[PDB]
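Next up: just one chain, as C-alpha cells, the form deposited without ligand DMA.
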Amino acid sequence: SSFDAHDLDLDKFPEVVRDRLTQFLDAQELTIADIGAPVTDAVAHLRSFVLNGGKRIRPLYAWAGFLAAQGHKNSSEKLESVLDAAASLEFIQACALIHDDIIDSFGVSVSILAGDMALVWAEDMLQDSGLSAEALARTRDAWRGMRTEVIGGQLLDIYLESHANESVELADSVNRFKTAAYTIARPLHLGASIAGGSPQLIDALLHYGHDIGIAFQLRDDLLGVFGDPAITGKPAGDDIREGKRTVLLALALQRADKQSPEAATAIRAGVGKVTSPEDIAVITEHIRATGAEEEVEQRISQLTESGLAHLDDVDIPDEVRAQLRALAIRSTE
C-alpha cells in the first residue's frame, strides 16, 4: 500500500482495488466455513468473479472525487478506509452483473443468492471500512442516491425490453440513472463527500459525471453494435442479438420509418430475435443506413465537451483535473 496518496494514477489503481477486495474476501472465510462447505464453494465462485476481472472504473471515480475535494491538504480519514469505501463499489457491481446475467437469460438459484451476498458485503465493506462516524454520515446522500438510482434505472430498462418500447426519452432516462448516476456521478459524489468537499465542488463533479456518464453509455451502445470482439469481449453485435433498447436503436427506428418501411420492419422483426452473424450484420447495416450512428456520435461529442467544461468551474488540483479529463476521453472517445 505504498502508492502516491495525493495523485491519481489511472493505470495502477485497479491493482490497489484488487488488494482491498482480496483482504475483505479473506476475512469472510472463517464465518462462511462455520456455515458449511457448499457455502465456501459458492463464495469461492463469487471471489473469482470479483477478483479476476473488471476495469474498476467506479472505485477509480470515487478515488478521484476524494482527491478532487481533498485538494493540496490532508483529510483526517485513514487511507485504507478511503480505499475500502472506494473498493466496496465492486461488490455492488458484482451483484448488478450477476443479477443482470439471470435477467438477460440451480445455477440461477446460486446466482441470485451470490449476488445478494455481494450486495450485503458492499454495505459491510463501507460500514466496516474504519471511516469515522462523521465521514460515514457524509456518505449518505451519494450512497443512498446511487443504489436507488441504479436499481430504478434497471427496472426502467427491463420495462423497455419487455414492452419492446421505442421511446428515445425513456432510453435517455435509463442512461441517466442506470449508467451515469451509477458509474460516474455518484462515485465522484461519494469520494468527494468522504473528503468533506464543498457543495460547489460536488456540483461540478456531479455535472461532469452526468454528461460523461451518458456519453460513456452511448459509446458503449455503439461498440455493442459496431465494435470488434477484441475491444468489447463479446461477439460482434451482441446488443442486436440481446435486444437492448438503446438510444441508437430508438433513433434508427424513428428515421427508418421515414426512409424505408422495409428496413424499419426488418429492424423491428430482427432485434432480440436473430442469432446468426449474417442476420445480425444485415440488421446492423440497416441501422447504419438510417444515419442514427452519426446522430449518436454528435451527442457523444457534445456531452464530452460540456462534461469537461464543468471541471473548469471550480478549483481542482492540476493533476486530478488532468486525470479526470483523460478518464472522460478514454470513456467516451
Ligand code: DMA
Second form
There are 2 protein chains.
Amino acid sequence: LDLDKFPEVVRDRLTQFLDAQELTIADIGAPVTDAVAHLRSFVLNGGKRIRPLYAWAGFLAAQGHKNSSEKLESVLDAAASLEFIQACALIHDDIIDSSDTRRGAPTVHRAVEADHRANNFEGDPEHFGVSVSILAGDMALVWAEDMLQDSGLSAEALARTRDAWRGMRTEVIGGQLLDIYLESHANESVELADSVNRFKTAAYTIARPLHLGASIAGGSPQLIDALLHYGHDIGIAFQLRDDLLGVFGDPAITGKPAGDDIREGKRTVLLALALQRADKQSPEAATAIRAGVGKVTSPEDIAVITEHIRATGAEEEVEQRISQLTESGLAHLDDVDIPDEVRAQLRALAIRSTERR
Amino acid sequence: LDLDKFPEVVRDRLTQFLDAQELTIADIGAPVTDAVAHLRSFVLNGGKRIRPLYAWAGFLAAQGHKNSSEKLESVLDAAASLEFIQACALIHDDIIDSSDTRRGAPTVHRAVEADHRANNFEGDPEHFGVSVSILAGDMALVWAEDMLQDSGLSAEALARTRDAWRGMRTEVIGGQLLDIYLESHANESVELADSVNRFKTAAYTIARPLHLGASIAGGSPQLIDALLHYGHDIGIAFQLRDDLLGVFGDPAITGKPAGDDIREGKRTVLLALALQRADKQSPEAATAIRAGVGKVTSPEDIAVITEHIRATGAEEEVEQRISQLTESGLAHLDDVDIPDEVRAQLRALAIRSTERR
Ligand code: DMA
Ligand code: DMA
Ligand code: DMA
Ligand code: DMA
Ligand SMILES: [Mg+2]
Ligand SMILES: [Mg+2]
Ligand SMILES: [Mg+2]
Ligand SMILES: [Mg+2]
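Could you output the structure for the form deposited with ligand DMA bound, given that the previous block was the form deposited without ligand DMA?
Starting with the chain above, the whole complex follows.
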C-alpha cells in the first residue's frame, strides 16, 4: 500500500519468523543463540527492503488484492523471505570482498571478531569471525526457503513460484561467482561486467522479485513479461547507480566509507570504461588507476584514483546509460494493463532506485 | 534394493541434475562453468551416499514400494538431494577447519587455489579459493532445495517432507555453529560435545534422512518414531566411531591424513574424556594434550598426543558407548512392523556405520 510503510511490515514478518526459531536454536545451545542474535540484528536493522517491495508490487500489478484467495500473511512472508537471501548474499559477500563496514555498521565477521576479544578465548578471532559468518549466511539461506515453504501459501501458489525462485537463487550466486573471477583476472571488458550486473543485481534485486509476486497472484505471461523487462532495465541502472555511489557517493548514503569500491577493487562498468578511455588519453593515468584499484587504502590515494576516473569522462557515459535504461524500463509498464496506483508506485520505485537518492 | 548398488543410482540422479543446470550456468558465463565443475567433481566423486541410503530405507520401511503413488524418479531425486546439503556442509566445514584433504583428494578451496597458480593472475589465490568455495557451497545448498522441490513429488508428499527437511537443515548448521564455539572456548564438557554429535551428525546423517523418506511414503507416527529413535542412537555412535577413526584410523579409511582431528583440534567426546582422565592421572600428560591439540602438525607430534590420549583409557570408554548405542538403536526396529528385508538392511547399515569399517 505504501513505499515508506512496507519495510516496517517486512520487519514484522521477519521478527515473527526469528522468534519462532528461538526454541529450536535454544535446544541446540546458548552459543547458537549468540550466533543467531548476530544474524537477527543484521536482518532486523536492514536496508530499504527493496526486494520484498518489488515482490509486493508484482503481486499487486497482477491484481492480487482483488483476485487472489491466498492469505495476506502468507504473501507477505513470501515477500519478506527475500531478506534472508539478501542476508546470506551480503554476509558472504563481505567476507569475500573483506569489507569492514556494511550499512554504516561493522560487517558480521568483523562484529563476531570483536566478541572474541571480550571473551579472550582460544584461536584466531579473525578466522573465527569468518567461520561463524559463513554458517550465519548458510542459516539465513536455509531460513529463506523455510519462510517461503511454511508461509501458508497454497500448493498451487508454491508451484507457480518455482520459475522465479529457482531462477533468482542460481542467478545471484552465479553472478557473484562471475564477479570474483573478473576481480581475479583483473578483467576490463564492459560486456563481462554487464553480465554480472544482469545476474548478480538485476535478476535478483528487481526482475525476479516482481516475477515471484506476480506468480503468487497467478499473473498472465504478458503481465510477467512486462514486469521482467522493467526489472531488467531498472535493475541494471540500479547497479550502475550503485557503482557511481560506490565511488562518488557520501558515506551517509552508501553505508560504506568513501570510495570503498576502489579499496575492494571492484570491476564495475565505470572502471572498465575509465581504463578503456585512459588508455587512449593518458597512459600515466591508466597506470595510476591500474596500480591503485584493489590495493590503496588511504583516503588521499582513493581520491586521486577517483579523480583520474572522473577525468576520463566515464562517469558521464554511465549517467547516460542510467537515464536511457530508466526511460526504457518505465516504458514497459505501458505495454500491459496494470492498475493506475501500482504503475505509479512502480514508476516512483524506479526513479528512486536509479536517480533519486 | 541394494546397499552397494544404491550409490550408483544416487550418482545418476545427481549427474542428471547437474547436466540440467549447464545451460543456465553457461548463459551467466564460462568462469561460472569452471566454478560449478569443481562442485560437480566434488559431488559426483562422493562418499558412501549414507544420507540418501537412509532416506531410501525410510521410504521402504514405510512400505512405499507397495503403497506409494509417487513416481520412483521423484523419490530418488528427493533422496539424492541430500548430497547437495552434504556438499555445502563439507565445502564450508573444510574452510572453517582449514583442512587440505577431503576424501583422499584436495579440498575444494585448496583445489581452486591451485587453479589460480596455473593462471598466474591478480590477487591472493588462498583467499580466492576460500571465496569461490563459499559460493560453491551456497550453490550446492540452493540446488539441494531445487532438486527436492522440482523432483516431481506431489504437493501432498512435499508438504509431508517439511518437518524432516526444516528440522535437518537448522540442526546441521546449528550443530556446526556449536562445534566451532566449543573449539574457540577450548571446551571440555562431554555434554556440550554430545549436543554437537546429536545435531551436527545424528539428526543430519541418519535420523532426519529416515524421517524424510518415511514422510514421503506417508509413514505412520509410530513407524517414524522408531526410525527416529534408531537414527538418534546409531547416529551418535556413527559420530563417536568417526572421532576414533579421526585419531586412530588409517588415512585410506578416513580420506584425511592420520590424526587430522588433533591437527584441527576438534573438541570430540574422546578428547573431553581424555582430558578429564589425564587431570586425575598425569598432569604432565593433560598439559601435553592441551598444548598439542589445534597446534601441532608433524606426524611425530600427533602420535605423541594420540598415545597420551589412548593411555587415559578414554578410547575404551567411547567403544563401550558405541556398542551400547548400536544395541539400543537396533532394538528400536523391533518396536513396529517393518518388512523383513528392510529391517535386515537397516541392521547391516547400522553395523557398518558404527562397527564395521
Ligand atoms: C548492488 C547491491 C546488490 C547492493 C545491495 O542491495 P541493497 O542496496 O538493496 O542493500 P540493502 O539490503 O542494504 O538495502
Ligand atoms: C549479491 C550481491 C549483490 C552482493 C553485493 O555485492 P557487491 O559487493 O557488488 O555489493 P556491495 O557493494 O553492496 O557489497
Ligand atoms: C562426521 C561426518 C558428518 C562426516 C561426514 O560424513 P560422511 O562420512 O558420510 O562423508 P562422505 O560424504 O564423505 O561419505
Ligand atoms: C556437517 C558436518 C558433519 C561437517 C563435518 O564436520 P567435521 O569436521 O566434524 O567432519 P569431518 O571431520 O568429516 O570434517
Ligand atoms: Mg561487496
Ligand atoms: Mg561483491
Ligand atoms: Mg571437518
Ligand atoms: Mg568441523
